[PDB]
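Q: Sequences and hints are given; from them, build the entire structure.
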Amino acid sequence: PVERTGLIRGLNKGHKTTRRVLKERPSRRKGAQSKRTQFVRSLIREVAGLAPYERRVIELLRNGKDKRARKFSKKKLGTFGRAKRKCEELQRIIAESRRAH
Amino acid sequence: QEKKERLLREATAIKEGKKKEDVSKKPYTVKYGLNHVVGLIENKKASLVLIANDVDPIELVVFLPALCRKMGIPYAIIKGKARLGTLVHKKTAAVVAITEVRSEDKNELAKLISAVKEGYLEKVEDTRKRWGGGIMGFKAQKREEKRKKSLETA
Amino acid sequence: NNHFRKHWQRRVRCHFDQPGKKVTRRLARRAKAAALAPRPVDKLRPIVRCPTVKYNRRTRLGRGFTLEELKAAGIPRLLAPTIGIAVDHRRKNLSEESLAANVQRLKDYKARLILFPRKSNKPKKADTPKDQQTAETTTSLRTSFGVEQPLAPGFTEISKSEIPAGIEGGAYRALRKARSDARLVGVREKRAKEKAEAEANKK
Amino acid sequence: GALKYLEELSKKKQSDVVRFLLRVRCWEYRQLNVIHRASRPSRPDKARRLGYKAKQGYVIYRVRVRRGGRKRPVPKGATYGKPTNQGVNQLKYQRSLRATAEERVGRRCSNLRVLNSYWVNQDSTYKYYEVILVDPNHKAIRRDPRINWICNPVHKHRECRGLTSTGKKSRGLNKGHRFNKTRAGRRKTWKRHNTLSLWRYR
Amino acid sequence: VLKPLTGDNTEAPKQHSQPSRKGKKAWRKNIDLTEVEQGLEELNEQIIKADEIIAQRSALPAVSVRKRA
Amino acid sequence: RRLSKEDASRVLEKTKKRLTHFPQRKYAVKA
RNA sequence: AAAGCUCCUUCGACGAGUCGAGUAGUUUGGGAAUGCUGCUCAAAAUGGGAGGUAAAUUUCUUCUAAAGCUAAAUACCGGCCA
RNA sequence: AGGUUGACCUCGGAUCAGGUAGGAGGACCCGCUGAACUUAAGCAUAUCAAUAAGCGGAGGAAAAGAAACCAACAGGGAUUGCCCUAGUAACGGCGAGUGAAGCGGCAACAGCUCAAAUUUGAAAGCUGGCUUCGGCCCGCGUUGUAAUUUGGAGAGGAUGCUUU
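If you read the protein sequences in the order shown, they are chains Li, LG, LL, LN, Ce and Lh. For any residue, its number in the authors' numbering is found by taking its place in the first sequence, counting from 1, and adding 9. For any residue, its number in the authors' numbering is found by taking its place in the second sequence, counting from 1, and adding 105. For any residue, its number in the authors' numbering is found by taking its place in the third sequence, counting from 1, and adding 10. For any residue, its number in the authors' numbering is found by taking its place in the fourth sequence, counting from 1, and adding 1. Sequence positions in the fifth sequence follow the authors' numbering and run 3 to 51, 88 to 107. For any residue, its number in the authors' numbering is found by taking its place in the sixth sequence, counting from 1, and adding 94.
Treat the hints as calculated values from the structure; they're not laboratory data. Don't take every hint at face value.
[As the list claims (entries may be wrong)] Below, computed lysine-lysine pairings styled on PhoX-like, alpha-carbon distance capped at 20 Å:
#, chain 1, residue 1, chain 2, residue 2
1, LL, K132, Lh, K120
2, Li, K85, Ce, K51
3, LG, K150, Ce, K5
4, LN, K128, LN, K12
5, Ce, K51, LG, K150
6, LN, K13, LN, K192
7, LN, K12, Li, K95
8, Li, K80, Ce, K26
9, LL, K132, LL, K117
10, LL, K102, LL, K81
11, Li, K84, Li, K95
12, LL, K140, Lh, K99
13, Li, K32, LL, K81
14, Lh, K99, LN, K140
15, Li, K85, Ce, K27
16, Li, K85, Ce, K31
17, LL, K81, LL, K42
18, LL, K42, Lh, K108
19, LN, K140, LN, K56
20, LN, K5, LN, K54
21, LN, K5, Ce, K16
22, Lh, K124, LL, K53
23, LN, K93, LN, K72
24, LN, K93, LN, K128
25, LG, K184, Ce, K5
26, Li, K22, LL, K187
27, LN, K13, Ce, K5
28, Ce, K16, Ce, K26
29, Li, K39, LN, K12
30, LL, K117, Lh, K124
31, LG, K234, LG, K222
32, LL, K140, Li, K25
33, LG, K149, LG, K211
34, LG, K211, LG, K136
35, LN, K77, LN, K93
[As the list claims (entries may be wrong)] Derived Cβ-Cβ restraints for the label pairs, each shown as a range:
#, chain 1, residue 1, chain 2, residue 2, range
36, Ce, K27, LG, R188, 40 to 46 Å
37, LG, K253, Ce, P99, 52 to 58 Å
38, LG, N158, Ce, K27, 29 to 35 Å
39, Li, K93, Ce, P99, 43 to 49 Å
40, LL, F14, Lh, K108, 55 to 61 Å
The beta-carbon is built from N, C-alpha and C at its ideal position, and this holds for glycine as well.
A: Given below as structure tokens:
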């Protein structure tokens, strides 16, 4: 942590106190991916397969319409970040489908 | 009753001072319970898995063949959760598993596992990827055959 | 502005029961004190600093001591509420000053604490013996362990040879410069990046 | 455990397997009664995570409710007043169909206490729920300390007062700035804000 | 192996000749992803690929919920 | 229809262990 | 037999027609959506929510939703006793 | 005997054995539904009012409640109530009018429990009946009842004292 400047204005403003590095709280470990969680999710992906909108996005990504696929993913999921993450996931799926073959 | 007799024997054993492990031996039984069998398959301790074909809701066991194939466990779908319950002293049993057996039944377990491997799994390898259903009713099939015969004659 | 355009008369609250409620509160307080004797009627609270720039000059009492404060004081988290120490699992120590102050407060409390045995027949090692179980005690931890210095001392005397030299350029100029740098942190970064990109393009 | 696999599979509701199961179960539940008893939960992982135990005293009822909005029960669609209150269609009930199903199941079973409920299926006309109820007069329930809180008379008809999960959501009982009007009770907060406090030495 | 009677069309539903791409039914049936699905399947099989017979397992590591004593 | 005294006073095993090893002590603070 | 304290290579499961988005009605001081509900779409794994001006990019700070219990301070034109 | 004998699953019957619910009261409390008179020259936004009436559900209190919080600080730390914030921010034919929240002082303070883990060297858990009160049976349950864990952590390992 950068020491504060001891002023009320500007960059790094505030009273000078000696900072402490804390051990990370266990509630902040949410989102960290576990080994058994990866295994269960991959097996369930194998059993279930693709959703219809995922199949449409996969068709668009094979055809190369990346912008159209991201627009469709945004219209389907709701937000730009979720659309981007889903498109990257389906790029990963297509890449590992074609690469190891 | 057998558990009660064993508990009285172990209580006597700890009464004169020897541990319960001196009087009681390692038990070999059929492992049952869905969560227990799933954990055994995940830890790759189960030697043979027998799944029941008539479990509802089917999501309880629909992933079990895929999990057994992914861990390389010999599995077999068998008829009768009540029949497995007769094994495990319950009314029903969704899945049973053999992990270890006694020394005199190693050959029998190996022959049963090999019998499963070349008698069930190799035959169902093609069929397990194939969709079911699609069967027409009796009158629908009769109308279809009549129409097909008329088209062939015409 | 007078807001009486609703049916206000059926929700008028009068406070004729103010002394009766005060007497009821005092009765409850004395009953709780008698039930909790010889322990104090309230639990020990840490010294915390108030949020925002308006109130960070003042310190007050917190909800409870943190787990790190209890660990550094040596008081286990399952023992502290049983000996009268409030525990807060939400609060964190981001600086050493509050941590040291609260650890010293906990050590003072543990030094002034008398622990009667669970069974008087078998006194344990942590339990206080009957020889010094008898001492002058307190019943209000809010009064005995209060906020001694809520605010910094506003008057301090220094000798004339230790007058500080001062910020170079002046304090007003320093404040104006700090505000200017805070407002221009981004434009300067763009111009540095553009100069670096131009140098890279021109090789 | 298998229930992690059931949870991850139940997350995938648009897959072919889950779609087929949902279709056949929706047909079966539509052929059954509007309110009936399920011998076992059709979603055991969901029931377990909502509180169902395989113990004598925990009972599962399946229920379907008609979906859509709420139409005013006014005669011939005429609302007699100002035109801003004159709308009849496109009006929405302020509680969930899950809560309506919970009240109907609780009225069916007046001796039991509605613990919770969950979605199992839906079509164009109906939404289907399975409701978990606890028997407060059963000795196992009264001796289990994890569930014997519901035996107290303060928990009579939780679904009729909104003390279930859907009731708390509909009442907006959440901490934060977005729930300023409703986090402690909307009418109670309104009365606190609208009361006139006159002291003695004012 | 005891097998039941099975209808004539035994694959996934498909109408790949149709050009319409509107709707969930069109996305399920008109879209042809058989090459991708076969790639997933063959990759999964490549990953999968007396006492010896009993203890013979696959090459994947064991998955544990917790460290158990 | 009220719960029995024993049924209302039943506690979990973890609560029993916690109360056994860490009960509400009797203490005092010196002035 | 159970229980706490100290340290640590490693592990560390955490709630889905739910969150969220669009639209409609209603509501709010909440104003390019404050809350609720209906319909449609429909998630993710350092992920998700929030950070009171809509959007992209890069950061930061907070908590950890979709399961549940819990006395006191609080209200009281009903009942009983003063 | 196998055209037989049974085991399960689902759905029923019984004046079966044992229990529970209804109605009252409703000042206060938790929700649903929901006006108009009135005030703005009149008036369909608005106001009255998220009120009256109507409906469902509790208790001595109810509800809320141990952060998917507030904040932007040198950080506070479950809920509730009072004083202040403040007739302020904000909303509104920006008109009539409407209208919070953070911080701060006080009153009172108390924390917790499940799901997601294999006890697997032993369903260790529970309802009911008969008891001679030692227990024994009929069952529930492995599609999961005990112990363990809950994010503050914990699980495993080391370690030496304490604890009942």
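Q: Looking back at the hints listed earlier, which ones does the structure fail to meet?
A: 2, 3, 6, 9, 12, 17, 18, 21, 27, 32 and 39
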